[PDB]
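Trainee: Construct the entire structure; sequences and hints are all you get.
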Amino acid sequence: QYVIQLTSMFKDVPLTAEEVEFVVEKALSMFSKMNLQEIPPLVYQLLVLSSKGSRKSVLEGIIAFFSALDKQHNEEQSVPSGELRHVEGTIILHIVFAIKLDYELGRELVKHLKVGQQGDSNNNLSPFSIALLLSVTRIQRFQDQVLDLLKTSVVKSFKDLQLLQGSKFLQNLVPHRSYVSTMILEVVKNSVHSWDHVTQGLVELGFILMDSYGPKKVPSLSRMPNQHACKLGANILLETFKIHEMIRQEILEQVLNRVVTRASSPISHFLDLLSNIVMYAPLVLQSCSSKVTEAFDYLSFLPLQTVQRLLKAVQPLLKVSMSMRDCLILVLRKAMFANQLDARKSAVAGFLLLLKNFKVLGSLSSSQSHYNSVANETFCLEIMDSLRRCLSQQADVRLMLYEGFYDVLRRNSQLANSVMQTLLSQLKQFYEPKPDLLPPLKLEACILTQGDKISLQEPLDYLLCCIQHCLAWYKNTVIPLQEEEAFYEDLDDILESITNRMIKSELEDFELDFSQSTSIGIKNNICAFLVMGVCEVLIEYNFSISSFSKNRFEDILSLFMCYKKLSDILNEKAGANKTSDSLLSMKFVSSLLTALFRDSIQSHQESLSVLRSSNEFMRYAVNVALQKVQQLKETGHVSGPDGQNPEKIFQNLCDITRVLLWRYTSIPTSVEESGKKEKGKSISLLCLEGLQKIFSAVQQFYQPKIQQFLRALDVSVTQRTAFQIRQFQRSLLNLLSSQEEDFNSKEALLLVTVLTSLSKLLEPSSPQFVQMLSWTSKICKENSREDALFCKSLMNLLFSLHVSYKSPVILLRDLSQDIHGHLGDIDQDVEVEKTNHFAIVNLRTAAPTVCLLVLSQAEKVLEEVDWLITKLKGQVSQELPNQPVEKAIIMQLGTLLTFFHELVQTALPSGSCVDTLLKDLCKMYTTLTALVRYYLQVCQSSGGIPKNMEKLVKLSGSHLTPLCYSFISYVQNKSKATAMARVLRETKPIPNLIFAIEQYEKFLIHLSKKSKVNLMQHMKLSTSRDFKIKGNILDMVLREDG
Amino acid sequence: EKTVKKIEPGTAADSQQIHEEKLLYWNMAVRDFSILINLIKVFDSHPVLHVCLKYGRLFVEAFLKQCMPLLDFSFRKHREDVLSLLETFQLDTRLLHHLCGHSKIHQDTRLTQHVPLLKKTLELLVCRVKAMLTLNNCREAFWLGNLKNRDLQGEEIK
Amino acid sequence: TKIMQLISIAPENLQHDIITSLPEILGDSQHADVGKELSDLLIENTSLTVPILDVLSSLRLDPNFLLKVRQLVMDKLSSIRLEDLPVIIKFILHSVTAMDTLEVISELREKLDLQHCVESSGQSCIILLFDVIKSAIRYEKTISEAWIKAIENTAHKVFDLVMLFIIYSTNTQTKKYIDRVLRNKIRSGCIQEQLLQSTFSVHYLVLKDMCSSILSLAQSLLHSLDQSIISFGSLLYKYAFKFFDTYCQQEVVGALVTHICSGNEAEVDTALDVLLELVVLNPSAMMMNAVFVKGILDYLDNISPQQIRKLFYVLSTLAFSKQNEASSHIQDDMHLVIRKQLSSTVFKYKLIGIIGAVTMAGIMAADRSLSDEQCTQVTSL
DNA sequence: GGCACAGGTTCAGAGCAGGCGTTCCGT
DNA sequence: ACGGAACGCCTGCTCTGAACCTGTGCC
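Heads up: the sequence lines are chains W, R and S, in that order.
According to the entry's author numbering, the residues represented by the first sequence are 172 to 249, 259 to 398, 408 to 557, 573 to 686, 694 to 724, 729 to 790, 797 to 935, 949 to 1113, 1125 to 1221, 1237 to 1302, in order.
The opening position of the second sequence corresponds to residue 1243 in the entry's author numbering, with each subsequent residue numbered one higher.
According to the entry's author numbering, the residues represented by the third sequence are 194 to 311, 336 to 372, 377 to 590, 602 to 613, in order.
In case anyone wonders, no lab produced these hints; they're calculated from the structure.
Incorrect hints may have been included.
In the BS3-like style, the derived pairs of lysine-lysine whose C-alpha atoms are separated by at most 27 Å in a straight line are [as the list claims (entries may be wrong)]:
| # | chain 1 | residue 1 | chain 2 | residue 2 |
| --- | --- | --- | --- | --- |
| 1 | R | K1372 | W | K1221 |
| 2 | W | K336 | S | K397 |
| 3 | R | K1390 | W | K1199 |
| 4 | W | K1040 | W | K1107 |
| 5 | W | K397 | S | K358 |
| 6 | W | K900 | W | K926 |
| 7 | W | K1012 | W | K1094 |
| 8 | R | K1264 | W | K1270 |
| 9 | W | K331 | W | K420 |
| 10 | W | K1248 | R | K1390 |
| 11 | W | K280 | W | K223 |
Derived CB-CB ranges, DEER-like [claimed, not checked]:
| # | chain 1 | residue 1 | chain 2 | residue 2 | range |
| --- | --- | --- | --- | --- | --- |
| 12 | S | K515 | W | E231 | 31 to 37 Å |
| 13 | R | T1330 | S | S449 | 46 to 52 Å |
| 14 | W | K1219 | S | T371 | 21 to 27 Å |
| 15 | S | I344 | W | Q654 | 38 to 44 Å |
| 16 | W | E231 | S | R530 | 46 to 52 Å |
Partial chain W-side listing against chain R, Cβ under 8 Å, derived [said to hold, decoys possible]:
| # | residue |
| --- | --- |
| 17 | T1238 |
| 18 | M1240 |
| 19 | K1269 |
| 20 | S1284 |
| 21 | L1294 |
In this text, a Cβ means the ideal position worked out from N, Cα and C, and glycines have one as well.
Mentor: Printed below as a string of structure tokens:
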């Protein structure tokens, strides 16, 4: 090594021709043999000698050597030592000082590593290269440029992963070595070894990525490029916060600096990041007491959703700082009288959350505790007095209050002794004491009568809802767990009286049998909603306390009949108004469904015979289940209790799934035997609606517990779901083999939607996917029903399965002959018909419906093709495994050209379909131009051409090239300010097609010039058209116009 | 190209006294464009037809952008003159297509550079003529035919 | 009834006290009737009008009732002192619907009293106005966007320009949009040069709270190659240096040294010219700025020889503008480093050193129509 | 015979790529 | 002597969501 050092010292004189060879050959020689500790001195020698010139020649060598060392470590761990990282920490610092010394070096470095196109990276990135880029991000000049580079690289990589997961053809062709997302995670893991300069780069990259692509509308084009990418940013904001101790005190301020400030756009990802960091290590929040303190002053001017997670996050801080608690309660009580509605709702939610979290040490029931127990007690009681002030306010505050009292009672039991009394006071504000009196609700006091408008004041249905849930909780928990008990049974008596008077009630009391036209109708509609709500809450109560008594269930039936006629009257008034999220609790809905269908006990059956005698209630139970699942679709929370808990709601949802599936399975449609008015509204159709909705929701939300979900519904999940897809398949086969004149199209399309939703669960390589593919092929080839939507859904299912199984191009070609046979031809001198390919195609549905779907799938495979050839151009730019890939490309284009050649003679209807065909033709010829462009780069270097693309070019010229011009002529020949927009819209694609074709002509001419083969002889001359005007039609139309 | 580009299209609300001399100037411009274009044959050299391709696509693009709204506004009032100048531009378009075919036949990168955009704008003028017929409630009058591949001297080729 | 009895009978101080205490005393129910009755008092009396405006801003009333007081008070907005104003504009900004934003914004911008109004209480009131505007703009998005739309429709007032600066500072979403709007405005020529000087004269104290934002704005504008935008940026930089305290005078030079280190020809030329006129304006502030000239001298390689021809001009001028120990230790180290650069036999280092040394010698030797010691020193070097 | 349902059409905005522009080098 | 190539700026392409309306199917 002394020879290396003295030669390096002697080479300090300025030389270029021999110096570059000496430094690069010595560099690779020392990379191949030298010890690890001697690398950093050699690194210093080579980087200081390279300052004279030939910087990038040594830069590529050293970065490639460290990448190779990283891969060696990766395969070794998959000798290992911590010091392997530490020496790199000594190395990287010095070279970035060289980047600080020499700016042109950094300029050429960031210029070369720019991702010029999607394949130009070709995994040039690496953990060491990412660390170098982040260190460059430390320097201010290239900070924005390299940050934009990293952001674009992450977006491109996420798009590449989305395309790779979107089809198995790329998986068969391309390796799965493409990843930059896990690269940054590996860099974060490696930063444990004393890489502190890197941390600034990580936080800056994370913040720019997080705030760049966050949601703003509250994105299928950029679903994974944007949303998942934000999660990656969020992920690293977690990961560094777990690892680097010193940066923990920093990043939180930036988060707060966004969270209080950016109040307009959604900030939900930052909220979830804040919750996860404070949950992991709340102690750091003690450090930023000043920041949260100045944040609390803005609580009157934040969204409520920010306030919920922020106040949930700051609770460990509140457990210690009593002065900060006093300041918080001061700003809350000062925030009570703010006229802003959001400020009031925010303050009340903060009240409920904080009193929920402070545990009363005396007799509170378990969990899911400051030593000053009496201080906690008096604090909670004065907070309850503030709530007594709160309750007399506008309707939304009251609604939130009654929604949150159940969770308050669950996490804090002693305050119930006040809360119910407070609720009882509200009950005493509306419940008349005399049982002789008919109503339990006064419409005047219930509604906010006011000048020139009408609005809600206090939802009494929600009062009864909260009272019922609190009373049921206490009766179920505290009394069995065990001077002032009497009010409990008094409440029961109150509800009992509210039951009785209600069944004896009628529409005459409430003045019913009314819309937004007049205030009278507005208050009548609001009263209708209120009586419906309190009636169904009375159904909840009576079903709860009865324990299956005949008289109680008779009361339930009469009460529900009252509710049903109220709902029918409201619907007749409507014939926005109908949509009302019913107050039925999720646990009660599950229990009601299970009791209704699955029942064996004779004492239960005696009452349930009377209950089930009305099919209206049977429809209503499944209907409220549908409404609950549809509510769950848009958000995890639900209207009833236990909205926050995902485990509880999911475990309860399994019961309704299995019960409803049993209902549909064990009961055929013949058992219904109902009239045609309600046959469409038969409970089987509603059951299939619910099955479709829930099977779309379940894997969307509860991904990890799918195995337990399917196990509880009734080994590998494939063998498990084989059973369910088999029963659904048998039901579909029975339905589709029915009478040909008519069939339940709604039932069929719901069922095939259920098949499509459940099919994605299957592992593609298992035999179950093969069975589903074969059965779908049989159904398509054997059946032909007159319904566009049914055929469209079956085609979408078939393609979604097939693309996973293999490339769809053979199916494209086989469907091409069928569509060509069914539709016809533009010449009217050639006859074609081959109907045996797929009987599902039909002359009544082939043109408008099937053609759009098959063209869209064609466009998808061209998108895959142009991505792949772009990566080929990228690896060409990088520098013979590509031959089979090229052969696959040529085969795919050949068969899809055959598909085009078969369809293009067809006389499609004039409209959007021909426009999609023209656009997809443009896409095809542009991909061909890209293909010959790729050939231009490689064959010019090689000096010769293989024999495949020649066959492709000749078959393209024989099949499609003049046929395009003939079809364009047919398109114009096929005759029929606002219309100007449509006329200008329908003017582009026909020129665009010939532009693409001629572009291909130009590029293949260049290819012939640069490869010494006259490929133009294969293709014919560009036929071109000229317009003509029929003077006789002009004379006729002008004469009749005149 | 500059002179034809600078002239703006008169609106439909403009009187026919302002439309008529516009159409007369347009007819003169297309006529002298035709007699200028027909001088290519005498000199079949590389740079002259090379510049002719680029400036032909520029000229027809400008004609498309500007004249066609005037034709849309003033078809009924001046139908016969519109058809006459359209026929003259049809002759010019035939000459342009023949030049395109000659450029394509002779394998030459520089000549073929300006071909695809030329054919795009020419075809887009054809579809704009179809749009003009559609706007005037005479879409059925429109018709198409295939144009023979004649070389520069005016003789068909295989 | 009790509150109105106290209003009627009690004197000015007590009635004022119960009025400013009104939102806490009243519950939810009595908002509308009490609002109508205090509007009747507004019609009756004028002295207690401002506290009534305050509680009307605080209390919950519908827009339809607010319309009457808005119509009554908009007439008198042009004829109220500076001490009254911020709570009135607080009412106006927080008592407007979604559709009335542009109208009231244009009307209040037209009826501004600061032009004729502009002691220490006055400047305190002005920052109170700006704090009220910061509170209103930060969350009332429709008002924020309507401000830019209204001034874009208007297409010159200093108060509007300061509001534009703070709007750029606060709302991150309007960053690129307001940058483009400012570029369009200065390109149009509506923004004259004297109003910048008057703005920095009247609102120097307020502008410090977002001086970082104005430095970022001028830094963004430096990249633009338009001559008008470049002159605008130089004017903003020199005014910010000459008006603010030593703090912003330090961050401005800290930004300018990085701009010089960027190396772009337009940016480096503009930065050097700004630095030269800055040193001309007030070398006393620049005397404290010592590390920045050292950092300038360190990166000799990026700066081109044409720029180096006048780069040494500024440092030599501020060194030899006034004799001081500050100048002494600013001169000895630069003299040593250029001497050792010349000592190096490399032609590039010799070229940079000689170009620096000739300008240094000329600048120290030149004077208007110099002791014997100075003559000996310049001859010796 | 008209309602309620749905898919089509239209749109304005967000966001970005090639192709012009210019310069340098190969041809 | 001439052209393409390269790369910064810009227009104008492409999608996207939503509102909006007619047409359809049915009571």
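Trainee: If you test the structure against every hint from before, which numbers come out violated?
Mentor: The structure breaks hints 6, 8, 14, 16, 17; every other hint is satisfied.
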